[PDB]
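Asker: Here's the letter readout for the chains.
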Amino acid sequence: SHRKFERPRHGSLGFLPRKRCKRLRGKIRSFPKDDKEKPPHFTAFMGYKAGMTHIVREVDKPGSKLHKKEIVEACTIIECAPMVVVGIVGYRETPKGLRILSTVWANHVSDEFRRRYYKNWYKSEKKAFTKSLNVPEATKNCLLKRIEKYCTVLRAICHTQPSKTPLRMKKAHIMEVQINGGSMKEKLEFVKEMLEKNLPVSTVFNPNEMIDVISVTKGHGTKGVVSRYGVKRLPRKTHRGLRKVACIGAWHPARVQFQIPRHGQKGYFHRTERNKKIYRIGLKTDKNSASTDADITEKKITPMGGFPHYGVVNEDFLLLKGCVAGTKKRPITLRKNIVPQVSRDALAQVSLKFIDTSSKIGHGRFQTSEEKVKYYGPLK
Amino acid sequence: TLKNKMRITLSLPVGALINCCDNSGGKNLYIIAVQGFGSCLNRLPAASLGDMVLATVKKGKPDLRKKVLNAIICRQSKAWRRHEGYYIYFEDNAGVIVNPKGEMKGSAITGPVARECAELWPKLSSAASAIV
Amino acid sequence: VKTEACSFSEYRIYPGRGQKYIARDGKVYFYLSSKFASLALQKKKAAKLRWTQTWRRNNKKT
RNA sequence: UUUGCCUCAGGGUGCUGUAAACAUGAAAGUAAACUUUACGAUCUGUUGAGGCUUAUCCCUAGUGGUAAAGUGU
RNA sequence: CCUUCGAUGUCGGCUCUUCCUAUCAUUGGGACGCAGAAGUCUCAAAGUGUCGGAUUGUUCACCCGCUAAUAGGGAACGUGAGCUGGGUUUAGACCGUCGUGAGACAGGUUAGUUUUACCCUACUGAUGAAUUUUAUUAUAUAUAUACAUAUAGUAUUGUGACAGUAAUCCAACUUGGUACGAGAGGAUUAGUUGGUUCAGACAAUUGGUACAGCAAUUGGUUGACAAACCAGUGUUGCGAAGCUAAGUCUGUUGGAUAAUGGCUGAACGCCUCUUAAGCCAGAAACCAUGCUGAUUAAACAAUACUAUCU
RNA sequence: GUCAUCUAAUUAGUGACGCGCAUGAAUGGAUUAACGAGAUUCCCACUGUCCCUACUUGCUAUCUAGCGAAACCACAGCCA
RNA sequence: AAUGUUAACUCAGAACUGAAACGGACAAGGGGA
RNA sequence: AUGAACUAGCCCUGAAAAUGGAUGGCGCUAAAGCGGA
RNA sequence: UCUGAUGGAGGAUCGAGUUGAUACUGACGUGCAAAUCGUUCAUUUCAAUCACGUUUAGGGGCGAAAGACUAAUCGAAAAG
Ligand SMILES: [Mg+2]
Ligand SMILES: [Mg+2]
Ligand SMILES: [Mg+2]
Ligand SMILES: [Mg+2]
Ligand SMILES: [Mg+2]
Ligand SMILES: [Mg+2]
Ligand SMILES: [Mg+2]
Ligand SMILES: [Mg+2]
Ligand SMILES: [Mg+2]
Ligand SMILES: [Mg+2]
Ligand SMILES: [Mg+2]
Ligand SMILES: [Mg+2]
Ligand SMILES: [Mg+2]
Ligand SMILES: [Mg+2]
Ligand SMILES: [Mg+2]
Ligand SMILES: [Mg+2]
Ligand SMILES: [Mg+2]
Ligand SMILES: [Mg+2]
Ligand SMILES: [Mg+2]
Ligand SMILES: [Mg+2]
Ligand SMILES: [Mg+2]
Ligand SMILES: [Mg+2]
Ligand SMILES: [Mg+2]
Ligand SMILES: [Mg+2]
Ligand SMILES: [Mg+2]
Ligand SMILES: [Mg+2]
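Chains as they are written, first to last, in full-length UniProt numbering: chain A, 2 to 381; chain B, 8 to 139; chain C, 8 to 69.
Errors might be hidden in some of the hints.
Unchecked claim - The following label-pair restraints were derived from C-beta to C-beta distances:
1) A/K23 <-> B/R14: 37 to 47 Å
2) B/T117 <-> C/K9: 25 to 35 Å
3) A/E7 <-> B/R88: 31 to 41 Å
4) A/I261 <-> B/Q42: 33 to 43 Å
5) A/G265 <-> B/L51: 23 to 33 Å
Stated by the list, open to error - Residues from chain B that keep clear of chain C, each with C-beta distances beyond 12 Å, as calculated:
6) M13
7) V75
8) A86
What the hints contain is simulated information worked out from the structure, not anything from laboratory work.
Ideal Cβ placement from N, Cα and C applies to all residues, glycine included.
Working from the sequences, and respecting the hints, build out all of it.
Answerer: Here it is, written out as structure tokens:
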């Protein structure tokens with residue numbers, strides 16, 4: 002018989018296999034379509050989630066009951082130590098998908114980067130890359146030429162500098178970053194210019210840019226059906242237990258169906274959240290980084306007592322509107338949007354009035370320790 | 008006459024009994040339905056500050072009892088996020104009886120009223136003392 | 008920065024922080040924190056709490 | 001897995017709410033000396049004190065540590 | 001009365017999924033006794049949705065109210081090793097009628113044990129070897145070469161076949177008291193700001209949570225003070241962090257079509273959307289894009305290093 | 001069943017009505033204070049019963065060392 | 001009649017006192033129509 | 001050499017049900033269809 | 001005939017224990033258990049409870065009646 006009262010299904014079937022992601026470093030599934038009219042630019046960037054603060058922002062939306070008024074908004078902070086470019090990879094389009102021609106490496110590859118090619122650095126003789134680094138430039142040139150000739154898509158092998166962050170791990174995070182621009186030649190030139198050097202975020206993103214944020218979600222291990230899918234608790238009266246699904250399925254398809262919610266992994270899923278606005282791009286060389294026209298007080302972005310479970314952001318950082326998947330310390334990949342958005346949301350220019358820097362470890366009263374000291378006075 | 012209303016924390020579900028707030032002669036209001044509420048399997052319809060309810064008067068003038076009657080919520084105790092970042096709450100849940108159009112059946116409004124409600128119902132602003 | 012004041016304590020409430028309780032009358036009380044709000048609810052009198060500024064002033068502890 | 005890491009400690013950040021100790025300090029009063037001496041919830045001073053603060057907080061080249069030596073190809 | 005009487009657990013609700021379309025709403029149309037608005041009939045459509053209660057064991061029913069709409073169905077009259085057990089269908093008991101009576105009632109009323117998964121599969125997640133009659137969309141200095149390449153082991157980065165798929169509806173306002181209309185009334189469409197439902201995260205903030213912790217305190221116990229303890233977490237207060245919703249954030253645009261309207265244009269010297277050939281625009285559908293997985297491909301590529309290799 | 005009343009709505013409840021399929025007088029009729037782990041309805045208080053779930057504690061589960069059953073079982077074990 | 005030695009435990013009243021709390025744990029009717 | 005009326009072949013409509021789906025399958029249209037020889 | 005004491009009646013009231021077994025139709029249901037566990041509940045000066053002794057025996061007993069009980073056996077025990 003038909004179900005008496007109709008309701009929408011509980012999970013999204015669009016996010017199935019609710020299994021653990023293969024790696025902490027969210028992979029970019031796809032990069033923006035190529036618009037060969039525009040200059041060559043990177044499309045992506047890796048950063049580490051540091052925490053959230055709140056912000057105060059004056060609004061522009063003519064017609065809203067929230068028009069001229071200051072508003073408070075949550076924002077993530079993503080520490081964004083300059084990514085370093087190490088390689089170029091050339092793809093060519095086939096009826097079987099993208100196939101790599103080659104990868105061309107820098108002459109000098111960081112120790113950090115090398116650490117990725119080992120699971121026991123401490124023991125190893127660290128021979129990785131020691132012969133490639135040597136190679137003659139002629140070969141490289143030839144490779145480049147080949148790429149120019151045949152490859153339709155260029156990616157840059159970039160890696161993070163986690164040494165310049167409070168994170169424990171000396172291993173780099175290595176990531177391919179598609180380059181989108183005019184002529185393949187032009188792209189190649191751009192990558193050559195870049196190669197061994199550093200990309201800071203300002204070279205990739207701008208204020209008020211709408212960005213997609215791709216990251217592995219916070220883990221919760223094996224979770225019940227109730228938590229994992231938002232299935233209804235059965236009543237108190239229930240014998241075998243309340244927190245389950247009463248009927249898996251009908252009798253006749255005599256097989257539990259993949260559409261029925263079940264106990265199992267929740268979190269540590271890969272996820273692309275879209276349309277996250279950059280409210281601010283911080284700079285390492287700015288003591289007035291969390292300061293504003295309305296503030297006018299020396300503030301670094303780090304809250305008092307430091308980002309809980311992270312540490313102290315001492316480098317360029319992104320202030321993204323709202324929330325981002327995963328935990329404090331998680332790698333996040335920021336990606337340019339795959340469509341050039343013209344919606345008033347994407348065009349709006351933000352002007353922060355205030356950025357909270359009160360302790361996140363408690364209900365903080367003060368912005369700076371100095372203020373606190375002033376408040377209290379001299380004491381024991 | 009804008010019904011633009013920024014979302015406010017939902018909690019005053021069907022069955023709730025709220026103070027009548029008004030000069031109408033009604034002492035209480037038992038909320039039986041929320042207007043503009045849609046469909047959600049086992050979810051109780053639940054009203055907030057701006058919302059139009061349909062109520063009965065449990066206690067009050069007999070000419071108000073035994074009838075379903077439109078009301079507006081003026082106060083609630085569920086704290087709700089004002090967009091300047093602070094959460095406001097009143098001590099009491101309280102609304103004012105009105106017509107479908109939104110015209111008060113009563114004349115004055117006893118206690119304070121939320122600004123969220125003032126912005127929505129001009130005739131209610133009129134009869135409000137402290138509007139906060 | 009327009010810092011409101013904590014009513015129960017005399018603390019500065021920077022934007023987007025505390026909560027606002029509008030009593031029976033129309034009088035608003037702004038509390039910086041959960042604790043303060045709880046205290047207010049309990050009808051506790053700040054001038055009888057050793058840590059608060061109101062108490063401090065009463066005992067001339069500047 | 002020695003420009004790390006653990007470990008304590010210090011500093012930060014908070015949380016709590018003012019520690020023990022002493023005070024010919026105060027105290028509703030009482031009693032028993034020839035104005036002093038007992039008892040006395042509690043309060044006040046020294047006291048935003050004391051305690052706690054990563055076990056899944058933060059910083060510090062601040063302390064002492066960093067073994068096993070085995071297996072697979 | 002074919003199957004099942006060496007038992008297929010016999011109503012309904014709760015939960016949960018999927019399917020159908022004989023479409024209630026939403027998308028796009030066609031007709032009208034279509035002026036507008038509202039509605040009626042109807043085509044492509046099953047993408048999205050279809051609620052809260054009162055009474056009843058109910059299915060069904062009937063009202064109240066919201067709603068865009070409160071369409072109809074199936075899946076062993078879905079779903080009892082999922083529950084529930086109100087009903088029906090044991091034993092107690094009561095009434096009514098019937099029976100001389102024991103008793104009967106497809107009459108009414110009350111009280112009445114709901115067992116087992118540790119097996120195989122399925123599904124959910126979780127590891128994980130092996131894979132040369134196997135592979136390959138090219139490699140190599142304009143020529144060659146499948147009469148050819150390919151050791152293996154670690155690791156990184158990719159490929160992405162295939163599978164899954166996600167957003168939905170409304171309101172208010174401006175367009176407009178305009179078009180339309182004798183007047184009453186009164187739009188479509190875009191545009192803006194919001195909200196619903198759903199999904200996916202997240203915890204700055206508010207709230208929740210306590211066997212981090214601090215403080216209080218009852219009864220007892222250590223001579224007292226202190227420091228503690230005990231009362232299965234003694235009980236309060238606050239309570240960071242971590243979890244978390246009732247809190248915050250985010251949720252596309254192409255291709256090719258369907259209905260349909262058209263174009264050129266015969267058959268049929270004219271006409272004809274094609275009921276020929278040839279074309280066009282065109283849907284919440286379809287397929288991509290995007291999104292999740294990809295020991296779903298026993299898949300594969302490149303790169304890094306190596307133990308012997310030719 | 002009809003009419004009230006309880007409700008926004010009540011196949012429930014209560015009060016009436018009665019040619020009562022088939023009520024009725026020790027098959028006892030009608031009514032009754034007190035009493036009831038009795039049946040039923042409504043109202044106040046109260047609450048996680050619910051909206052709408054969350055967090056948390058022991059003991060299990062879990063992994064290890066030790067110990068170690070059974071029902072069941074033609075053969076077995078993917079679908080249209 | 002005044003002056004002695006001396007005993008329970010119970011009642012009643014008043015000050016002060018505290019983060020308004022106190023049958024602080026334990027124990028212990030939900031009530032009405 | 002157009003206009004009628006019929007007529008019966010194949011085809012089309014009429015032709016809507018629930019797991020996904022069955023001329024047995026793939027597929028077939030100068031048939032691998034239907035009727036003959 | 002009122003008022004205050006006294007007095008201490010009652011198959012009176014509440015209630016540990018005891019005797020039971022209302023609800024959770026909780027746990028358990030290959031149990032600790034062929035009826036247990038938990039919390040809640042009813043019973044407590046009388047038609048009360050318990051022990052031992054004693055009587056009543058199968059178409060018989062015993063029954064404040066449930067076809068209850070009569071050694072896990074009862075609409076006719078068990079043994080042969
Ligand atoms: Mg915090
Ligand atoms: Mg329901
Ligand atoms: Mg809190
Ligand atoms: Mg002291
Ligand atoms: Mg640590
Ligand atoms: Mg079966
Ligand atoms: Mg149809
Ligand atoms: Mg229709
Ligand atoms: Mg049927
Ligand atoms: Mg079953
Ligand atoms: Mg069962
Ligand atoms: Mg059933
Ligand atoms: Mg029953
Ligand atoms: Mg019976
Ligand atoms: Mg918290
Ligand atoms: Mg002891
Ligand atoms: Mg609390
Ligand atoms: Mg023709
Ligand atoms: Mg009722
Ligand atoms: Mg009656
Ligand atoms: Mg008779
Ligand atoms: Mg054939
Ligand atoms: Mg019983
Ligand atoms: Mg049971
Ligand atoms: Mg069990
Ligand atoms: Mg027996």
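Asker: Hints first: check each against the structure and report whether it holds.
Answerer: Outcome of the hint check:
Between A/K23 and B/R14 the Cβ separation comes to about 38 Å, which falls inside the hinted range of 37 to 47 Å. Distance hint check: the CB atoms of B/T117 and C/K9 are about 32 Å apart, consistent with the given range 25 to 35 Å. As the Cβ distance of A/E7 to B/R88 is approximately 33 Å, the hint placing it in 31 to 41 Å holds. Checked against the hint of 33 to 43 Å, the C-beta distance between A/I261 and B/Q42 comes to roughly 37 Å, which is consistent with it.
At roughly 31 Å, the beta-carbon separation of A/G265 and B/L51 lies within the given 23 to 33 Å, and the hint holds. With a minimum CB-CB distance of about 16 Å to chain C, B/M13 clears the 12 Å threshold, and the non-interface call stands. The claim that B/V75 lies off the interface holds: its Cβ sits roughly 29 Å from the closest Cβ of chain C, which is beyond the 12 Å cut-off. Its beta-carbon lying about 6 Å from the closest one in chain C, B/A86 breaks the requirement of being farther than 12 Å from that chain.
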